[PDB]
Every structure is written in structure tokens, then in C-alpha cells.
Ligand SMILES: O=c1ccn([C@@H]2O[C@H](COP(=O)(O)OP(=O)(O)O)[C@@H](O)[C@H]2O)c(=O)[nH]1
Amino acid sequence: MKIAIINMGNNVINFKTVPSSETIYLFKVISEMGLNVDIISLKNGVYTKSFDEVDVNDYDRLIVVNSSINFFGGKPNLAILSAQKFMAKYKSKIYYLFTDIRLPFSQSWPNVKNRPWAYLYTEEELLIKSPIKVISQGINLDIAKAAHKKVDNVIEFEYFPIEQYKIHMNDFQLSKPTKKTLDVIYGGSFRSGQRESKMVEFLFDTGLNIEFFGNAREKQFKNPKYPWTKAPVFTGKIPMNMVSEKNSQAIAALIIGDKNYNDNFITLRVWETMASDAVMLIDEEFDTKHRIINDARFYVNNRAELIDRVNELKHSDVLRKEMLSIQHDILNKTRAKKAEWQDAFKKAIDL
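Where the form is deposited without this ligand, the structure of this chain alone:
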């Protein structure tokens, strides 16, 4: 049984970009599952083979990682174009890994014909006619179906917790008790709107020692509806593999609500935080049914509650350890069902 996996809109060669890294890690976890799989991209390399040099029909299953398919500066994007040509030459069912609400499968032909360079491609060459099965990271399938309502060749839907691939990895490890230098830590990037609102709510004017790492600066929060006086310390981007170690420096780490995930998608960040040495506090709206941790003490609804919970954690090293052993126990128990997770995955791709 031969399996092929590709990314539909980004080049894949090594760990120089986030999407190339994700595709390679997915490839690794699939292999550690005992399956024979190849990554197919624009060129040969340590982890890949070239589109030009393979017969897409030698593979029994073709897995496709979701991505956006816009053409930057109005120019041709080989990654997208080449991937869709490959998918178009495939004559069996295609498996679409849907890990982000914003990246639903989409035909690129309708947008190509209107470009001045349309003569470089034909409809038979780009239009993907094979049936498509969406493998949803999100547990709500109605939402998955609503996002792919514009493409009818997408006929199947199934939920699979894809984002657990990092904790099931062979060389994965949990954090160890770390010297604390922060009360609260949060990672992310700025964006106006409700996001600015949520961030100002939980991380500004708290009186606590909060650090904010990622693509965000004090000068970007300007909405007059979300006024603030004291801001957290912004430290900018970190190395790709430093999330857990970064969180381990704080008593608590926060996960904030976001309509793109709420009560649907569990994210990679949730596992990165849960595995750290910091107590994971979650915005109630992100998981109202408490699917993540069935203990209300890990959930906060607003600023006052966040301050309260964190001061409780600082004044009682006993409470901190107990809550910490509870989240780790959940993670360990989840890592103990690896075989079930693997089987569930094989089943999902019809093996």
C-alpha cells in the first residue's frame, strides 16, 4: 500500500517555513504509523520527490494538506498550480486535511482563466474532478460542510483530531518543573477587531507580570472601545520549537477565545501549553463544554477572574502542583491511546 501526501499551496523542502514543517511532521507521524508514504513537491530533497518525476496513479491514497490558493501580485504560483495539476491527474478519492476553518478546498481554475497568463493552462489540466473527502480537525461537521458548500465534488466528511500529531510523535517529551519568572504568558499575533478586544481584556492592566511573545507591539492596540493604560511586555517571535519551554517560565499560560475555533477546533497550541510546566487557563468561550479539561478551575471568563485565579496559584504552591498534575494526567492518558488514534486515522483514509 503506497501513500502520497502534498501541500496544496506551499512549497515543501525543509523546516525553513511553517507550512513546510507541518507537512513534514505529518509525513513523519504517518510513517511512524507503519505506512509507506512519500511527500511530493516542486523539487527533490531529503524529504521530498518532484511532481514532474512521479505517476500520481502509482499511489493508493493521495492526502492533501489544506492551504489558501490566492495569487500574490497577480502572478503564477507554481506551488498551487503544480499541486492542483497533480490532483487533477489523480483518478481516485482525494483526502483533504482541513485544519483551519479559513482554508476550505477550492478549485483554482475559475480564478486562473481571468488572469492575463491564462493561456499557460487548460481546464482539463487544472479542474479537479475526483471525489473529495474532508478530514476535519474540527468536531462540528455541519461547519465543515458549510465551508465546502461551493464545491460539490466534496462528498464526504469525517472528524479526526489531527492536531494531536505532535504529542504522538516518537521523540516527544513533557516539560519538567521550571524556575518561574513570570505570572502569566501568552503567545500570538495582533489583529484588529474582537481579537484586540480579547487580548486587551486578559493581558492589559492586570497588575501581574505578563509576557506577550509573537507578532505584536504596544503601538498596534489603538481601538478606543478597548482602552488600556499599562500593557504587558512584548518580546516578539521565538524559535519554532520553543513554545513549551517558553510557557514553562510562567505560573500560568492562557488560551483565548476565537470564533474560528470555539467549541469546534482544538489547536496545536492547546497541546503545547498543556505539556508545559505552566498551569493552562482557558477562556470559557473557547471551550464552553469543557472538552479539554473537566475541571472548571482551568476556565476564566474575564479579567477579574483571571487575576483572581492567578493570585490563587501564586499564594498556594500546592494548588498549582495539583492543577498541574491534573492537566499532565490528561495529556499522558491521551498519549496512552496512541494506537487508537493511529487506527482511527488509518480508518479515516479508508485503510
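Hand over the structure of the form solved in complex with this ligand; the form deposited without this ligand is what we had up.
This part shows the chain on its own.
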């Protein structure tokens, strides 16, 4: 029994980038789960084997970490191409980890045939034929099966809270009380505008001391539909494995998602925030039934309510700690199902 995990459109090396990080974390959870795994990437490294130094069939299971198959600019991307070649020559079922609404599996050949460097590849070389099993972290598999309507070989859809791997790591631990220097914080990319409305709403013009770390930059927010005057301070990216210490820097941390994330996906930032020293403030529309935490104080419907909830936490340290204590206790309740989670994952990949 041997398992291989690879990223479909990103090189894997260290914790500098997010796609590389989530892949190594997945590598780690599966190993700690008592399974023999290898990460296959462009070159050999601390956590990876080289695409051209291994035989895809030495493995009995192939797990693919979703990614964008877009060749930005006029250049070939080996991360995407090499990953698809690897997959293309694999005989058995491929397990596609669908963790981002906008990254469904898809043939890369259509995007290559018309490129000018198309002569370097053949259809037979990149055309992935194996049956595809899509493991979606969305409770309602129907967002996943909708994005995968155009692709044939996809014969299966199964739910599984993939991103719970942050809390099931053996080295995981809750953030400790930390000297506050921020009112609210949020870390992530611009998501190519898919979430501008929510970001402007809860992080702009609040009158509070807010920070937006991550890849997003101020100058990207210019959609006329979502005006603003005072923007939050942008501080750039940091390693994924430093995210909880960062959130812990603020009194409260924001949880928002894409439209199709709502009442479906319980993302990674939910656990990174819930486990930090920052009170978790969820956007109502993101989890209307309150599945994350059954206490309406952790939810904010709009900008005014956020400002209000925060002014409360700023006025009462007794309240801030009471809420921290509550979310931490709830997080521990999900952790106590580690065994049940690992088993569900083993079943997902037909083990």
C-alpha cells in the first residue's frame, strides 16, 4: 500500500506559499494517519520526490490537490503540465481534493492546444482519462457536481471536511493569551475579486484598527459597486504555519467566504481563527444555521454589528475571555473526533 499526493498547478517546496503549504500539511496528516505517502513535485526536496524519478504505478492511490489550470502570461507552467502528464499516465482512480470553490478539476489540454508552445505537448500526453472521485469539503456536494458538469470521467462525489487537518495535526496546539495590538484582523488573498463586497463591508471604513494580511493589496479594491474611503492596513503575506500567531494579534478575527461557500464550506480560516487568541466573528450569511458555534454572539450580520460586537469586546475583557473560552471548548470537541475523522478520510479514498 503506497499513496501519492501532488498539487495540480503549483510547485511544492516549503511553507512560503499557500498551495505548497496545504499540500505538505495534507502530506503530514496522512502520514500521521498511519499511511505511506509521498509528495511528488517538480524536483526532489525535503518533503518531495521528483516527477521524473518515480513511476506513477508504484502507487495504489493518487490524490490530487486542486489548483488553477490557467497558464497566466505567455509561458508554459511545468507545475500544471507535469502534474497532468503524471495523472494522464496513471491507470486507476484519481482522488480530487476540492477545497476551493473556484478550482474544480478540468482538462488542461483545451488551454494548451491553442497556445504557441503547444508543439511541446501531445493530446495523448495531457488528456487525463482515469475515473475521477471528487472529495469536496462542501456539505452540499451540489456546488462540486455543478462545477464538474462539463467533465465526463468524474464518476463520484463525496463530502469530507478536508481542512480540519489543522486541528488534527500531532503538533497542533491552541494559541495562548497574547498582547493585543489590533481590533480586527483578516488574512487571505484578493481572491480575484470574488469576495470584494464582503471584504469592504467588514474591513473598510469601520473606524477600528484593522489589518488585512496576505496577498491582497489596497489598489485592487476599485469595483465602483463597493465604495470605500478609509482602507485597512495591508501588511503582506506570511507563512501559512504562522497564521494563528498572526490572528492572535487581534481582539477579533473575521470569517467570510465566497457566495457558494455559504452554508456549505467550513474552511481552514475557521479553525485558524477559532484556535487563535482572537475572538471568532463569523459573517451571518456564511453560516446562517450557526453550525460552527451555537452562540449568536460570534456572528455579525453587517458592518454596524461588527463595530458593535468589537466595541463590546474592547469594553469588557471578561467578555472577551468568556468567548475565547467557549470557542476553544467547541474546537476541542471536534478534535476529540480525530479517530472518526481519520477513518472517514480512509473511507473517502477507498481504503
